[PDB]
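Peer 1: Listed here are the chains, written in short residue letters.
There are 2 protein chains.
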Amino acid sequence: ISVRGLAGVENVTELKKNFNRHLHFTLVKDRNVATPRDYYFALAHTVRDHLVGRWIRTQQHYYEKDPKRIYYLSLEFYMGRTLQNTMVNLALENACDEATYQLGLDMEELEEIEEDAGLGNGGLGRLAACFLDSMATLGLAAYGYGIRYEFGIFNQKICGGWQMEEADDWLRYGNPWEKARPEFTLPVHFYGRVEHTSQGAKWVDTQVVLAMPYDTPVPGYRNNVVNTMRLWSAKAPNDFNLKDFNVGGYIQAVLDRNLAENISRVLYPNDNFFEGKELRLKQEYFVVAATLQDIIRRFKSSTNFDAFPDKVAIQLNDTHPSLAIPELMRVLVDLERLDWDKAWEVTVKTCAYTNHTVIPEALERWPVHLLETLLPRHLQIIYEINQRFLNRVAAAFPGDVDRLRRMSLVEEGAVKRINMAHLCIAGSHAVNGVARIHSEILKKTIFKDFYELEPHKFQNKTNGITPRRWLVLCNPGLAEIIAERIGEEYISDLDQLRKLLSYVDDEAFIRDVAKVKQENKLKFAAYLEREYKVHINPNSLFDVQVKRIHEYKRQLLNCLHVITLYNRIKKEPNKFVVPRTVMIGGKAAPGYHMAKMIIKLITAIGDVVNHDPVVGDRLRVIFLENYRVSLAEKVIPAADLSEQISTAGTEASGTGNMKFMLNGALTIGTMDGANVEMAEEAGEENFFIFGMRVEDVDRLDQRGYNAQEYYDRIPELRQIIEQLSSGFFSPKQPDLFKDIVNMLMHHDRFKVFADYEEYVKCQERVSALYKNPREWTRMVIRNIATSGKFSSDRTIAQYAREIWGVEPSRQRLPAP
Amino acid sequence: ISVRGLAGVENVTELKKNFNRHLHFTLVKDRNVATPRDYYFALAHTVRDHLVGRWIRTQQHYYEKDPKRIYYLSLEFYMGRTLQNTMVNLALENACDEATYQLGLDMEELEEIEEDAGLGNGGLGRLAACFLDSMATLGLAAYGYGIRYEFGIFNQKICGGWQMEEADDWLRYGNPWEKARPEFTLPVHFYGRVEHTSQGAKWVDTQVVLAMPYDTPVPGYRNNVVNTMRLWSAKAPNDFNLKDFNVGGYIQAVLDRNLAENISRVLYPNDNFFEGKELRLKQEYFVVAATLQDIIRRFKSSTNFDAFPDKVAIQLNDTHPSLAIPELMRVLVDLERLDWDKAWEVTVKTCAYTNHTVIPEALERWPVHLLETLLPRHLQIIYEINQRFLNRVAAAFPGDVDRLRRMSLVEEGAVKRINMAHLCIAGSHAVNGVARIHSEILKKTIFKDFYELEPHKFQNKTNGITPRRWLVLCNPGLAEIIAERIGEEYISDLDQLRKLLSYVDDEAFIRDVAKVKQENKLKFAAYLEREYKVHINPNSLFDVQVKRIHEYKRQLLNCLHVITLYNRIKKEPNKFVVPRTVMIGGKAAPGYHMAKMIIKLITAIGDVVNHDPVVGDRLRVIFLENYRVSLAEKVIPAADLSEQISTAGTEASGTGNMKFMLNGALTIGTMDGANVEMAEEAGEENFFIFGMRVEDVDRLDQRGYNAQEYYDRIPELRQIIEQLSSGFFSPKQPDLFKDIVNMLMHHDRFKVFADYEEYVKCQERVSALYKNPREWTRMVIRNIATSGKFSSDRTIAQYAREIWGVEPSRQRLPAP
Ligand SMILES: O=C(O)CCCCCCOc1c(Cl)cc(NC(=O)NC(=O)c2ccccc2Cl)cc1Cl
Ligand SMILES: O=C(O)CCCCCCOc1c(Cl)cc(NC(=O)NC(=O)c2ccccc2Cl)cc1Cl
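Order-wise, the sequence lines are chains A and A'. A prime marks a further copy of an entry chain. For the first sequence, the residue numbers in PDB author numbering are 13 to 314, 324 to 837. For the second sequence, the residue numbers in PDB author numbering are 13 to 314, 324 to 837.
Honestly, the hints are just simulated from the structure, not real lab data. Be aware that a few hints might be false.
It does not matter which identical chain is meant; a pair holds if it fits inside one copy or across any two.
Claimed, not checked - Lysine-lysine pairs mimicking DSS-like chemistry, simulated, CA-CA at most 30 Å apart:
1. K29 - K191
2. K478 - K464
3. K544 - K169
4. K255 - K617
5. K753 - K255
Start from the sequences and build out the full structure, keeping to the hints where you can.
Peer 2: Written out as C-alpha cells, the structure is:
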C-alpha cells in the first residue's frame, strides 16, 4: 500500500485489541449489535489514545522551557473531520487500515461517519485551521482560541432548486476529540455601569456568564508535537440566574438560563458581510474576555508586565476579536493598576491584526448605543484611545482637519459607530494583508492615512494551505507518485515540489499524473451517483467553481458562459465540442436574497441543459450540495479546471485557488488576490488569465459603468439576457429571474458584462488545450511543481519571524 | 477491615493500573496536575469498567431466554451517588479502598466529590430507586423508565434563616455512569388534530420532538445481574424546527430549538402537590409515548398482541404516567388496528397502578381544554373509555345516578377536568396502597365506589427500603457487628435479622451496638463542624426529623415541643434534663409559602435557644441544610430518636421511618402509614406511639375542630403561642409569624394542638429511657432485629407474585 506509514506487526496487533477494548468498555457494545457508528467511535478512541501521551508532554514541555506563546484568536475554526488527519500526522494510516481490515471492516466507510466540525463560514475559518496545523508542525507554542458553537454552519439542502437551511447538530452523537476542562471555568461580565472612585474606575452591577473551556488536540506532522485548540462554552451561573429573588417563578428562572447560554449556541452564517446584532457582539466579547484571563493566568505563572510582550503574542483574525485591545487595557489599568501609557505600550506590542477584505459591507462598525449598554467601560476606553490617537495625527499633520475625521475610530452621522478596523490598526504593532495585491490596496486605498502615519506597521503575509490535509489526506495517489520520484520530505517542505520540474518531459510521470487524476474523477463520479444520484461522464472536462455564493465571486459570470455553451450547441448540434461537466457548489447566507436567487438560476440552467437530447453527454450542469470541508476533499482532487473569476480587486487572497493548483487542476481566473502570485510562480503561460486588471476596473469607474453598452454590442450576451427575461429557464414562472436581470443591467457593482467577452474567449483556449492530453498534463505538472510557495508552513514561518518574533523548528519532540 | 469484600493481591494490582490508565488516557492528566475531581473520575471509570461485562451479558441473556419484562414508569428516580453502591453490589469496596490507599489517596474523600442524581422530590422517587435495586437483586427482567432532567431537585441554601433555591446543575462536569444510545432515538408528537377517515382516526399536523435515551446500569447485589434504567432526553428535530419557512430569522429558528428541549430541562419540585402547568403535562406524555414505542419494539422482536400481557407488565408509579393507558389504546387501535375490546383487554391486563397519597391537593385533575389542545386524540379515547366504564357502572347499580357522576373520569364544574386516578383504576388490573392502613382507607374512603364495582383489583404492598444502600453502605459498622454474629446472608434476606433477638441479653452485643451508634454520632458531629461550622454535643440525644417540609408532616408540632423544652429550662434552670440536639431538615417547594415560613420558624427558634447561656449545652436546635439522599446516609445512622409525627391518616406509608429503625434509632410517632406495621412488628412496648388514631381524627371532624379549646386549657401551649405573637422569636419583626399563629388557631387542617399534650408527655418517656443506656440499647436491638419485613426485596417479591406474575430468583448470573 502507499506511504501512509508502516503496518508493523506489533502495532497492528496492539491496535486491534485496543479497538476491541473500546468497543466493549467504551461503547458497551458487542460485535453482535455494533453499528457502523459504534465501529467509527471505537477507532476514534483508539487513535485518540495515541496522542494523549504526546499532548501531555508537549504542554509539560512548554511549561518547563517557557517559550513565547502565540495566541490565535478567531471566531472561526473550520476544522472538518479529524480522524484521518490525526492518523496522517501520526503515521498511523496504514496500521489502522490493516488492523480494521483484519477486523473485517472498511476504514474508509467508517471515516465517512464522522461529522464535520463546521465552526466556520469559508476562507477566514479554514485559514485558522490550516494555520493551527502549520504552527504545530513548525513546533510553535501556539494555542487556538475560539467559541464552541453547538451548531456550526447550517447544512444546505436543495428543494425544488432552492436552498433550504437546517440546523447542524454536530454534537448530537458526541465529540470524541474534545476534553472538557471544568477547572479553568471563567466568569465574563456584561452590562452593568461604571463607578469612578478615588483610585480608579470600577465596572459594577454586571450580569455574569461563565466560560467553560474544551480542549481539542492539534497534532503536528510527524514531530510528536500536539498543540491545543481551546474553545469556550457559555454556562449560566446557578446563583443570580435563580437567586435574584422576589417573584417570577422558580421553573421559569431555570428555563431562562438558556438566555445566557445562547451566546455559544450558533455561528453567524455570514461570509464577508457584517450584521450588527447584539448576540454577535456578545460572542465577540465573550471569546475575548475569557481568552485574556486565561492568557494572563498562564503568564502570571511562567508583577512587571514589561515582559508581557516578550512572552505573549496575540494575533487577531480579522476585527471580530478586536475588543481584545480595549479589554487588555481595562485589565492592565483597572485591575492591575498600570498607568495608561505603560499599559498602551504593552498592548500595542503584543497585538497584531490581519485584514481579510476590502468590501465596505464586510466592515465592522458597531453602533455606539450598543457598546454603551453592553460594555460601558470599554466604550470609555475606546474614546480615550481615540482621543490620544487623533492627537498624534494632529501633531503629525497640522491643520489637516479632514484627515482627523477620516481617521477617527468614532464615525459620526445617522447613528455614531465605532470603526473596529481603525481600533485594530491603532492598538496593534503590525497590520497585514493576505496577498501582495490586497496588501498594496490597503496602503493605497482603505488605510492610506494610517499608512502615512505609521508605515512600519503595514506588512503582507500571503495565505497558504496545509499540504497535509490538502494533498496527502485528500490525494494520496498524487502524493505517492510524487514521493516515488522526490521522496517524502516535501510534505513539510513544499518548496521541494520544484524538483518535479525535471520530470515534465518524463513519459512515465506524465502518464502517472494523468492516471491519478482519472482515478480521482472516476471515484468522484461514483460518489455522485452513490449519495446524490443521476449520472455524469468521467471523460469530460471537470469544470468546477466551489466557494461561498457571492456577487463578487461571480458565479453569475460562470452561468453566462454555461448558457453560451448551450446556445452554441443548439445552433450547430453536429459540430464537435469538448465535453464538460461544470460543477458549481457553495452556500448562501440565509438573508442574502441575491445569493439565494443565483443558486436557483444554476439549478434552473441544469434543468434545461441536462434534459436536452440534442446536447447529449456534451454538457451537464451540476450543483454541488452542502459544500463543506469534507466535500472539498473529494471534488478538488477530481477537478480539471478551477474557477477563480472574482472582479479584480475584490478577493483579498482566496485559498481554494491554491488547493486546486496543488491537486492537478489548471486555473482560469482574473488577476485578483493570490491568483497573481500563483501565475507569477507558475509562469503566465501555464495559467489561463483573462479580464480587467484592478486599474481597468478603476478606469471604468471613472468613466462610469454602463451594462447596456455591452448588451448592445454583444449579440450572444443579448440573447442570454432575453432568454432569462422571457422565462426560457423558468417556464411556469416567466418573471422569476427579473431581479437578476434587473441587477445585471442597472446595479452590477461587479461588472459581470465587462469581463464576459474575454472570459468566453479564454474558455475556448482551455478547451483547445484539453484536446491535447499530453500538453494539458505537462502544464499541470508546471503548476504542481510550482505550488510550494503556497504552503501555510511558509506563511506561518513569516508571521513567526516578522510579527511574533519566534523561530520555527522542525525538531521532533522527545518521543511519546 | 470489614466485610466490604476481599482485597485480593491480583485485583488490587489490576485496579491500580486501570486507575492509572484512566487518569492518563481518559482524563488526559498526569499525577502532577490531577485534582481530587480527576481522581474521583479515574476511580469511577475504573469501577464502571467492572460492570459493563455483566451489563452486556445480562441484557443478552434476557434476549435469549425471553422472560416477561417488568417496566417501571415513574417521573422520578431519586438515585443519589452511585460510586459506593456499585462497589458494594460488586464486592469491590475493600479492593478499591486498598488500591487507592496504595496510590496514596483517601477513597472516602473522593466519594464526596460525586454529585447526587437528585431526579426526585422525596418518598415517591426514592421508592423507585430502592425498587430498581431490589428488582436487580431478585433477578427480574426489569427496566426503569423516566426523564433525564438536566436539573434535578434544587439545592437548598439558608440565607438569614430563609431558604434560597439554586439550580442543580448535576451534569456540569459530566456523568460517568450513563451511556447515550442514539440509535434508539424516537419521535413524540404534540398538538395537531384528528382526522376521521374511512378506516380509522388519524392524529395529524403534529409538532415533533425527539426522545433520546440514556442508559444507566443497575447492578444487583452480588449476583452478576445488571439491569437498566433508561432516561429520556428531549431533542428538537433539525428540519421543521428550522424548515417551516417564510420569514422569521435563521438565527432565531435555531435559538428557538430550546423550546422543544425544555421538556426535559427541569424536575417539578412539588412533593404531594399538583400543579396543572402545560410543561408538566408535556413531560408526562413525553416519557409515556417514548417508553411505549420502545416497549412494543422490544416485544415485536421477542402480530398477535394477545400474548402482549404475558410478556409485558408496566407499573404506574402514581398517576404521573397515567397517559400510558389511553396511549396504549391509541397505538393498538389507531396504528395496529385492533378492535376496541381486544385492545382494552390487552391494556387492562398489562397495566397496574400504585397510589401514594390521599390528600386532595395532590390529586391530578387535568383541565379538559389542556388535553384538548395538546393531545386531541387522547381526549377522545378517554371520553370513550369513560363512556363504556360508566355503562358498566349503570348496569351494576341500576338507578344509582349519584354514583355515576362520582365515578366519572370527567369532572364537571368551573372547568371540566379529567380525574387521572379514575383513569388508572379503570385501565389497570390492579390498584395498590403503600401500607396496610393506607390501602384500607382507599377501599373505605377515596375509591370506595370503585372497590364495590371491582373488589378484586384492590391490593396492598407495604413499602420497603433497600438494605444495601440503607445499611451496608451507610452503616458498615453496624452491618459488621451484625455479620460477626449471624453471617452475611441477611443482606439479601433481611428476615434473618430476627436471629439478633437472641443476643438481646448478650453483654458484648449490647456494648457493640451502642459503640457503633456512638462512633456514628461523633462522625456526624464532626462533619457538621467541617462543612457547616458551629458545634454540637455528641453526648446528647440526637432528635432528628428529616423529610420534605409539609403541614401534614407537622414539623410545626416538633417546633412546639422544642419551645416547650426551652421554656421549662428557663423556668427551672438548675434542674437536670436529658441533653438533646434536635435536628430538623427538609426542602420546601418554592411556591409553598407556609412551608417556607416553617423553615424560618425553625431557624428563628435556634437563634434564641442556641445563644441562651442558661440553656448551655442541654439544648441545641439545628436546621439540616440541603437534605438529600447523600445527606440522609449520614444523619440516619447517627440518629437516636426518629420523628414520624404526621396526623393519623395523612402519611400513606413513609419510608424514612424504616430507614431509622434499621439503623438503631427508636421511633416516636403516630399510628400512621407504615408506623403501624413497624410497631406491630417490634411490639408496641418497643415503640413510642402517641396521639389520635384515624378514628379519633374523624370523631373530631364530626364534632368540629376548635383550636381555641386547646389554647384555653393548656397554659404551656398558650404561653408558646403568645411568645410567637409578641415577637419573642422575631424581635426586629414582631409580627413575622402571624400567618403561622393565624393558621394554627383558625385553619389547622392537621390539628397540631390536638396531639400536643400526648406528644410532650410521650417525649418525656423517651427522655426517661435514654437515662438508662442499657435498656435503651436493648429496645434498639428489638427494633433492628425486627425490621426485616421492611426490605424492598419483600415488597418486590410481592409485586412480582401478586401483580406481575413473575417469580423472583436469587440465582447468580453466569459470571462476568
Ligand atoms: O451480532 C449480531 O450479529 C446480532 C446478534 C443478534 C442476536 C442477539 C445477540 O444477543 C445480544 C448480544 Cl450479543 C449483545 C447485546 N447487548 C450489547 O452488546 N450491549 C448492550 O445491551 C448495551 C449497550 C450500551 C450500553 C449498555 C448495554 Cl447493556 C444484546 C443482545 Cl440481545
Ligand atoms: O504534579 C505536581 O505535583 C504539579 C507539578 C507542577 C509543575 C509542572 C508539571 O508539568 C506539567 C505536567 Cl507533569 C503535566 C501537564 N499537563 C497534563 O498532565 N495534562 C494536560 O495538559 C492536559 C489535560 C487535559 C487535556 C489535554 C491536556 Cl494536554 C502540564 C505540565 Cl506544565
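Peer 1: Is it within, between, both, or neither for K478 and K464, if the alpha carbons may be no more than 30 Å apart?
Peer 2: within (11 Å within a copy, 89 Å between copies)
Peer 1: One pair to classify: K255 and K617, alpha carbons no more than 30 Å apart. Within, between, both, or neither?
Peer 2: between (46 Å within a copy, 16 Å between copies)
Peer 1: For the identical chains here, do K753 and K255 meet the 30 Å Cα criterion within one copy, between copies, both, or neither?
Peer 2: So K753 and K255 pass the 30 Å test across copies only (24 Å; inside, 60 Å).
Peer 1: If the cutoff is 30 Å on CA atoms, where do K29 and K191 land: within, between, both or neither? Let me know, please.
Peer 2: both (24 Å within a copy, 22 Å between copies)
Peer 1: Indicate which option fits the pair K544, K169 if close means a Cα-Cα distance not exceeding 30 Å: within, between, both or neither.
Peer 2: This pair counts as within: shortest intra-copy Cα distance 23 Å, inter-copy 64 Å.
Checked against the numbered hints listed earlier, the structure breaks none of them; every hint is satisfied.
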